[PDB]
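Below sits a lone chain in structure tokens, taken as the form solved without this ligand.
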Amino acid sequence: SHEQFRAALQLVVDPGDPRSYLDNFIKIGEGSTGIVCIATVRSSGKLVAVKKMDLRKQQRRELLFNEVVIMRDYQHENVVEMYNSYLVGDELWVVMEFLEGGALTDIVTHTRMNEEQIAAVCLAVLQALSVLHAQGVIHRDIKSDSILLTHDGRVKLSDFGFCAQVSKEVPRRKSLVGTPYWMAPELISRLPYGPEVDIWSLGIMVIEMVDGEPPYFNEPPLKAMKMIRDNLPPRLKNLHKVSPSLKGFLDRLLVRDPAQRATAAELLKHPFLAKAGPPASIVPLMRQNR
């Protein structure tokens, strides 16, 4: 069964073993599905990232295919580029673009973003989501941890391990997936849902960028979910620290009824995004420059 699954993965991944061309693996991160390492390409000295996922440690093993489906089919400026996949012993390894600026989480937990920087993040994320959503791909784990940065401040969406596809034949998903504090209310309620859930989750990430943490963050996950489900949309702690344009923007995101929530395509036209600075504006937020 584990052996059964390893055989199945073998048929979809690239042959061989990237240890044959990579040196000096150093762990830089963890997620829910496994670890992320930096590695050096021996021929070039260039750096790549390698995501390692133990097949025996997944809640839903079959979701590991999402790594392969996205790599093969859905590449974009604001999406982390995946180069090759391999089966190495009991682990799936994906060799991918190294985002040397780290994750948006390290920024929001340690500094205050201004609205030029917030708008720049939101615009980049919404450009990615508009393209993904138009092809039926729902990310389902939008949060600051999934947004990665280059040294020069370019913003890219990562961690597609929990994504799903909708289509005319499967118009909604039903699975309980994501990270509790960021989950849409319709998804916690176990209603069938669509791309709208990413827009809610993006709202919660805006609250992260303003407040430093999502709502209810010092409640246990199950209680926080219950509160998201039953209560009016969560509020900024610091409502006085946001412009009316940012507040107006956020009110299109954190809408309980998914039919009334803005779509990514609509949000790209919102006047808040007119504030977006260039990638350069993000650079001073990163650990190496603060």
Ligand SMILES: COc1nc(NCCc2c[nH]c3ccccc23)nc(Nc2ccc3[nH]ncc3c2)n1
Second form
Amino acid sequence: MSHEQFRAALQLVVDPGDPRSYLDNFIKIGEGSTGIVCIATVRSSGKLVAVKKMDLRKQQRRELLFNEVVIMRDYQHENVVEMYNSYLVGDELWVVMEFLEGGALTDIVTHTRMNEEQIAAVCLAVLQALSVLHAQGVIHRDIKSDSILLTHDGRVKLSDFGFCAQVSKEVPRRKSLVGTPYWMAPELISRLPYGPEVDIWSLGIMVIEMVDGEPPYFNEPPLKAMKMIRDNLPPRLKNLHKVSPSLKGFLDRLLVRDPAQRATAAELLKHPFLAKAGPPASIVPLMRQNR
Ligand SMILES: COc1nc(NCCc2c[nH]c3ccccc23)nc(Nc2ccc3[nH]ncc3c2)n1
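Now show me the form deposited with this ligand bound, since the one above was the form solved without this ligand.
Full complex below, order starting with the chain above.
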């Protein structure tokens, strides 16, 4: 019942029909909470796309499925993984996207230690994405290294908008417990009204990732972890002594408990740390095929 209503409504926001006629050779690449990710060929062009497949009867918060397919429709940015189409397919939602051949930043922060020139390249990239999105009131809400995908030549693109959100002059804030626990902003966990700032904190956690190789409290269970994010002063770097005051000073602007005081993406684009940012050819050596 609530399923057919939900189904009918989603129909209206995706593209009509069935993409199986023109997509061949599904190759699974990833699994997530919402479902699996594949690559495919478009028969007419030879081109590769990535297809996210989300089972309608298998979500937590089913109605989250409305967000990306509307908010990101025809969204065009060089640091954003473009979304081509969505469709309803069986009891499944498929989102068809740009293929990013280099994999996620996760592989890199787990297997090596990025220099500051590379960390600023990633940070510029993501903030150039975040400022354009925030200036239209779009909130990513799942910023972490998994959402950072790469091209063969080391260009960085923000991805994974499944948890995203739209705010307006008339609903300027959200209140929903979404994200990935160890990355979640203090206020978010707290259950308070929040804006795009929750993304800046999150990016701070990602910087800890690129420096330390893991976020704070990664060992402690998610439930208890979350608690400590709300209750405690911002987390510091294990490898503090490994980082410049430029980098630390830059981090000190993202990990601010009070979101009012926390820098915005627009503010952060002017920060001196970002003068360090390497060309996208400084990232190439970090990638798996090139190690
Ligand atoms: C939440 O779980 C999850 N896992 C993965 N796997 C990332 C692996 C990946 C990303 N690019 C790759 C190229 C070759 C081999 C692996 C990769 N990818 C995604 N999402 C995703 C979204 C857009 C994408 N565009 N291109 C790949 C891609 C993956 N989600």
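In this text, the rigid core denotes the largest set of C-alpha atoms whose superposition between the two forms falls within 1.5 Å. Numbering follows the first chain given and starts at 1.
For the set 231, 238, 44, 260, a Cα shift of at least 2 angstroms between the two forms, after rigid core superposition, holds for 44 and for no other residue.
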